[PDB]
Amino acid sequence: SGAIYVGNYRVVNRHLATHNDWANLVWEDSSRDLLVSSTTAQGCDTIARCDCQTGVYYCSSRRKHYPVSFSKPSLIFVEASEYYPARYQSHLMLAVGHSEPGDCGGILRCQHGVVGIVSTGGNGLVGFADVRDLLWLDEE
């Protein structure tokens, strides 16, 4: 689990979105595993605006933050998980590292701020849904 809190937006994995998220929907995209809902309180996070390929991510199933190198966001085949069938996921970055289903929502961060959240795992990789292209998260 986990979210990004930027402005009056809450960014969550689409598959973990609650009824309250869907009732306060701003934007969602199944292909990216993202959903954004509106918040009452302002959040603490800053979104990275950059093309970094190095950062640090939180792994709940290890209680640890790991430094990783990661691929640029691309359209990637993802094998079946407990929460999606085998399918193509867009705007996905991969790194070598540990990820289980419950790790989804952990933040990946670089020197510029939040890059994305954990969205995929298995076979010794961790996949992250990028948010750095969602420039509208920084306004309104």
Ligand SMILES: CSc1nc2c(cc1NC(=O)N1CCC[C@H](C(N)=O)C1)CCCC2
Given for the second form:
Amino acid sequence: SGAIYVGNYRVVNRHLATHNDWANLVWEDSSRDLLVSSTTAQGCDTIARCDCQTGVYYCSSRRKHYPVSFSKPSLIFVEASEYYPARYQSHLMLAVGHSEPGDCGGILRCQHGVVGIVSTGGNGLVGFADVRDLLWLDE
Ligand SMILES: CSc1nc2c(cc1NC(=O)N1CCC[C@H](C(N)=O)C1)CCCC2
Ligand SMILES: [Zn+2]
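Swap state to the form solved in complex with the ligand from the form deposited without the ligand:
Now the complete complex, all chains and molecules, led by this one.
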């Protein structure tokens, strides 16, 4: 679990969005596994606007942060799950690192701010949904 709080927006994995997220919907994209909802309180986070390919992510299944080198945002095949049919997920970045079900929502950060959130996993792999192109989160 996990979310980004920036301005009057809350960014979460679309597959983990609550009834309240959907009732205050701003934007969602099933192909990116992202959903943004509106908040009444001002958030705590800054979004990175950069091309970093190294950073640190929080891994809830280890209660620890790990450094990673990650690929550029791209269209990657993701196998069927309880939440989605088999499909290509866009704006996804992969890295070698630990992840397991329960870890989605963990934040990936570089020196400039928040880069994205955990969205997929593999055997010794972790995938992150990029948010750096969503310039409207800043306004
Ligand atoms: C960290 S999540 C995770 N981790 C692992 C496995 C599986 C998962 N789960 C997923 O990848 N998804 C399920 C939820 C929707 C995700 C999506 N973006 O389409 C896909 C298997 C075994 C190794 C670890
Ligand atoms: Zn950066």
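Numbering follows the first chain given and starts at 1. Shifts are known only where both forms have a C-alpha. Take the two forms, superpose them, and find the largest set of C-alpha atoms that agree within 1.5 Å; that set is the rigid core.
Tell me, which of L75, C44, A86, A41 is the one whose C-alpha shifts by at least 2 Å between these two forms, with the rigid core superposed?
Comparing both forms, the shifted residue turns out to be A86.
If you line up the core, how far does the Cα of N123 move between these two forms, in Å?
A shift of 1.7 Å.
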